[PDB]
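One chain follows as structure tokens, the form deposited without the ligand.
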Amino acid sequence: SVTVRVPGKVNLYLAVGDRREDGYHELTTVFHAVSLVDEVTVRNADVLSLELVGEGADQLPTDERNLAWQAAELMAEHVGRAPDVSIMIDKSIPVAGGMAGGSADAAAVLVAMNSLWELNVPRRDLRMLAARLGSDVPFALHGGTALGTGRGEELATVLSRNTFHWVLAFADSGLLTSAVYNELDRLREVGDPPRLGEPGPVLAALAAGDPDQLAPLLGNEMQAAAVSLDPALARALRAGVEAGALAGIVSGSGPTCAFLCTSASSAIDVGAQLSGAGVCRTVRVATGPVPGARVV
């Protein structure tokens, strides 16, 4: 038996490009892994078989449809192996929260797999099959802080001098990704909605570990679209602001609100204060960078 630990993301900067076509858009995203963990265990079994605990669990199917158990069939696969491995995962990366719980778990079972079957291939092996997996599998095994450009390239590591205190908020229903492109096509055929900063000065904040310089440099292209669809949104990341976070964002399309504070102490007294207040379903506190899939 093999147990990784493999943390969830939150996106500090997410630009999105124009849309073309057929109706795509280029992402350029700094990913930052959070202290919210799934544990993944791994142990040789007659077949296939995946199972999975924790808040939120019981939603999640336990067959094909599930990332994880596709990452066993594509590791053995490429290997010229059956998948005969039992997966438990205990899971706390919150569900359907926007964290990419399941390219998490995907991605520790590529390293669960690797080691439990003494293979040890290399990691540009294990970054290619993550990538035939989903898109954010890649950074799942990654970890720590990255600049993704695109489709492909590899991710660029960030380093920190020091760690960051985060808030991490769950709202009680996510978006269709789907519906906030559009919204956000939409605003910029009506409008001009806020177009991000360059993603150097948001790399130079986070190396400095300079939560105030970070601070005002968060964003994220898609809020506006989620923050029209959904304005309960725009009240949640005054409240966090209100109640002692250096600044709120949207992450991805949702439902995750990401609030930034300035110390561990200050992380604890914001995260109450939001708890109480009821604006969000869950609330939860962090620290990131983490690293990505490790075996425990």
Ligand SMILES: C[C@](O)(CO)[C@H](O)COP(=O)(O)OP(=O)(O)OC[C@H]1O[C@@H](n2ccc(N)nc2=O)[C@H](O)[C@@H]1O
Second form
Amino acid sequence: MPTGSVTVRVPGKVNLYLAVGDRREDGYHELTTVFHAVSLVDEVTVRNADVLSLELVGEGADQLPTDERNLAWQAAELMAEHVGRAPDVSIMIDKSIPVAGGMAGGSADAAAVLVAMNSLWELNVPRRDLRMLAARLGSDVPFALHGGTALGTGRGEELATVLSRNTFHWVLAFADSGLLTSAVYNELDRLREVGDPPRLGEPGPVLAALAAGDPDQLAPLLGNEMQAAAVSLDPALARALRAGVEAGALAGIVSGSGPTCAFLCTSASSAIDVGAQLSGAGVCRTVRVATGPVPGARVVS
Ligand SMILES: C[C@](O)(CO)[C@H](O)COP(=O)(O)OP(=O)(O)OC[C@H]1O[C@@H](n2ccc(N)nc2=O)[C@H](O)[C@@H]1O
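Would you generate the structure of this protein in the form deposited with the ligand bound, following the form deposited without the ligand above?
Okay, now the whole complex, with that chain kicking things off.
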């Protein structure tokens, strides 16, 4: 019967700051990160149906599974189970977060499914239950629910919200192929065995520049301890980082293990010109402008 539909908009993210602790056993690394949600988004529409189904549209959407191995599918199952229900829902995802872009689009979709089902079934399970479900689903789901900018400590503990005085303007560029996050951690571990790569300061100055809304202040503090390793596995990333800056960006970094390179610019006009130049210059398959921070998963219907 029921018939209505709920759509939830949810953003991709970039890492403005990433410190990576020394390898533990069993083999993991403790991460400290400043997450920043930006205006490349997916929209996820959920309706009552006879059985659970999932469909995706948008560039690259045809690469993605539409069964259990999709995190948005797992989210519906977990959300339904949480409230003792069958996940009798159909899910349609309009994808504009670049696929395999390293912006955590799968985790964004999972978070949007939680929020959408909450509203469609008129439940209001509390935000803290959604966060607990997000954490079972995978380590980037919680931030997709939180959005804006947050500091995360990698310990299962609560994200710390950071507010910004003004909006920031980015160019995001995506390589034609990503790297295995496994390969990047191994290469990080190796470079730390044979040399002394860049160790970042603690994140307080990043937070203070974000708070000030000041891109000239934030630009030189952007940092990623995985970057030297990504750049050792894919040396073109170094030229690409230079081109973005030559094109007029304040600074660029690789986000996470890649493929995103994120370039902070001084303004919307400036981001449009840097993006036009980069796109013209051929270093990257895809170039897009975005702003941040933007909100996490929210109903927009
Ligand atoms: C969350 C990220 O660390 C960065 O966005 C990555 O997406 C990695 O997450 P993941 O691949 O789901 O993590 P797992 O499935 O447990 O294992 C992937 C491999 O990446 C390495 N890895 C991942 C996370 C982490 N904090 N430290 C680890 O060194 C692990 O050695 C692991 O063998």
